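Below you will find one chain, with nothing else, as structure tokens; this is the form deposited in one PDB entry, and questions on how it binds or moves follow later.
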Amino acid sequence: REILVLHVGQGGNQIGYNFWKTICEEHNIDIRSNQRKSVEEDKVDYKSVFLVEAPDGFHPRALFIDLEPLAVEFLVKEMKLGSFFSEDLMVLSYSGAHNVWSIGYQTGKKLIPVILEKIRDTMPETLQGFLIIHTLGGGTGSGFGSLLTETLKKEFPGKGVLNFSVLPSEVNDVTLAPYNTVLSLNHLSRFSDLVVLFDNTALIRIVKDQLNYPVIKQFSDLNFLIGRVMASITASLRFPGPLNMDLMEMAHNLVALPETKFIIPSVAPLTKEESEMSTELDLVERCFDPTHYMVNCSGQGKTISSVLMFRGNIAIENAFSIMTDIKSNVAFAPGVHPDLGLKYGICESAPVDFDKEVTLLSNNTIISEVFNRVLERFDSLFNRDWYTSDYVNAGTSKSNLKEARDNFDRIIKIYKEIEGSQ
């Protein structure tokens, strides 16, 4: 059940700080010492899923990859997790991708041999899959992340390749993001087994309103929610539970058609103060709400398939009691059976910061509208040949951009066909 994590680019590596901090905290480890705070939970946990053991200290089964060092360096020195984020786990170059998917895809091909050799060292043959954490708007996380997704699926067929990819804010903070996002989602639609999507617009709004935290100057607290989703969906692998599930079990339950592998996540509660104030169904209803969707959505949309991970103070009586109320309040696609569309997972271990928790992975048709807005941005640049020159002069032809564009458009049509039923 072992999992190897790959962080690519500034965003992917910065997110890795909050994820491994939450993983360490859930396993009673202070991320900095690499040593146990307590042995109290070691015997009801399975630390081997994400953590590698050593007398000097725990090590994450992860690689930290970037085509420029500043993002890793400044994070590993400010938070200063030198021992945990051992630098034998870093694969750094110094070119940068300059926000071009093609430059990242290919400068990365130079480090594929050293990344692959570090993988075969780290991985036990009982490894179940990989997690790839990256942003889609930049160049390294998008291009190199696409390359690693393609590389791992062919280097290790039969093993799972899951992607946790960050979309830009609705008003893009990178003008080249539509090109980079379309190119990456095209690569991932092929080589990924499951793509859990985030966008900063939804994350910024959750942080501003739902947590109402004083103020933020690091992506830290937006990345905390991304780390909460990754940790909670893997909780039943690392802690006892009446109903556990692994990476491919969740992907099999979500991917109805081979191309419907793009997932919207949500978690409740986001503040400890409401963990006291909520029941099982209330956490479920709020997860099925746009105010908790970590992707900018209109409404609940039409759910094709969903996975619900229950953690902590969770009445299984009530968890199965409210399944009728779930289908009663959540609109599902016109082709989904009234008794289907749900995949349950129950882990007895509570999250780091809440008394109960419900994590939702939703295969929703509303992702077609999110993708449609990315496509419309793509076309406003592609139809005017704006910024295409350095994609052309980095070896991605317009012909390759158009090929990725129409395959991306085909995915939008598959989701809309499930949505409309006309």
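Numbering follows the first chain given and starts at 1. In this text, rigid core is short for the largest set of C-alphas that superpose within 1.5 Å between two forms. First, how it differs from the form deposited in another entry.
- With the core fitted between the two forms, just one of 203, 197, 194, 347 shows a Cα displacement of at least 2 Å, namely 347.
- Once the rigid core is overlaid between the two forms, residue 274 counts among the residues whose Cα shifts by 2 Å or more.
- Residue 124 is not among the residues whose C-alpha shifts by 2 Å or more between the two forms once the rigid core is aligned; its shift stays under 2 Å.
- Superposition on the rigid core between the two forms places the CA atom of residue 183 less than 2 Å from its counterpart.
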Given for the second form:
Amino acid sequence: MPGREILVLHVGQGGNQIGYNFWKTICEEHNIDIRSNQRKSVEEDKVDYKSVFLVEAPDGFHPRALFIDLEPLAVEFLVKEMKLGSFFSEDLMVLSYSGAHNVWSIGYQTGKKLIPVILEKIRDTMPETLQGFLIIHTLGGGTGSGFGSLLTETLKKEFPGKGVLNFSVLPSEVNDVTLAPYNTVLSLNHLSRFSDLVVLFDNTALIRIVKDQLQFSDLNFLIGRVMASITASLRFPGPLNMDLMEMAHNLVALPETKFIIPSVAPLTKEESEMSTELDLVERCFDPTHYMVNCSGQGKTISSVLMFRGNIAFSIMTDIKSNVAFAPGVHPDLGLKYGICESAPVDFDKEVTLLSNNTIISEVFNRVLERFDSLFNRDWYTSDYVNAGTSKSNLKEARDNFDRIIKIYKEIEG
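Moving from the form deposited in one PDB entry to the form deposited in another entry:
FYI, this one's just the chain on its own, none of its partners or other molecules.
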């Protein structure tokens, strides 16, 4: 069935390593074996939107994806360590071997020399009904931050009629590299201008959720499961079946409030049996299960909830009451939910929540403080200016980043 095709772009080491469990989950949920490119079993549901993310070739199924990196480390993990070279094939790879050295500026400039090849691969291989792009990358490093920002800017300019969606991973607040605040602010500034929707993931939060319920390749593994769950409304029929622009409209009230906090429940099969339906819905609105490190509840501007599996009104009334919404949103509005018949392969039921919440200003404020604690003392700036990002550029991106925090702060009250 032609239509609603999406091209996924993995940029940087973290973004490509996430692609393993992201594409394995999507393959398994669509009755597809990622190791052989073929269907798992004869059991096939009569309606299935596999073509949204998967290309059907005569030999089998392949991901509609490009794997872009300035070093071959993450690609070697996919092909050599995981032995999935027939799925992550060489025709979908755009690689250099110079590296970004964890500097946003280096990934932006060096990635420009790969832009012509990427744009030609898109126009040569993508269908005309392609609805948009999904960019998966981290913000703390150099490639995923800089090259990812470059790709977000390039795809919006070259394809104005198509949506650009970002799944962006935030650095660890307490245990991450020195240059992470600079790269994060630079990336978030670029995404606010050229992205249609930015779904944020924070390594600080994912570590918290796993420990409190109870191996780096186990974090990106768990991020892929969540990223796949967020795209479920794009891949299955139901009351919440959306496309890229519908997903954006239902959350972006103002053009600047495009940063989304996702939450999912359950996260481990030990919690799956240990939890009922509303246990998962209450945990989705609980800031402990937010994919970004939040301290409080926060005001909800717009949110989209989804049930998956066998769930079978009573859920909404008691929950919508206890949820703090932004001033001026309607009491009958601000929250949309629905049931999806498809379920994750590991859990009998699952609840996902995408929330445009004002508490993201608190998350962005901590990023700004770490940025200022280094920038006000001219620390670690020497290699950004040698790569084409002046000290004045770091400030302008910072001030533009602060304007975003204030917009969310005004909507809160």
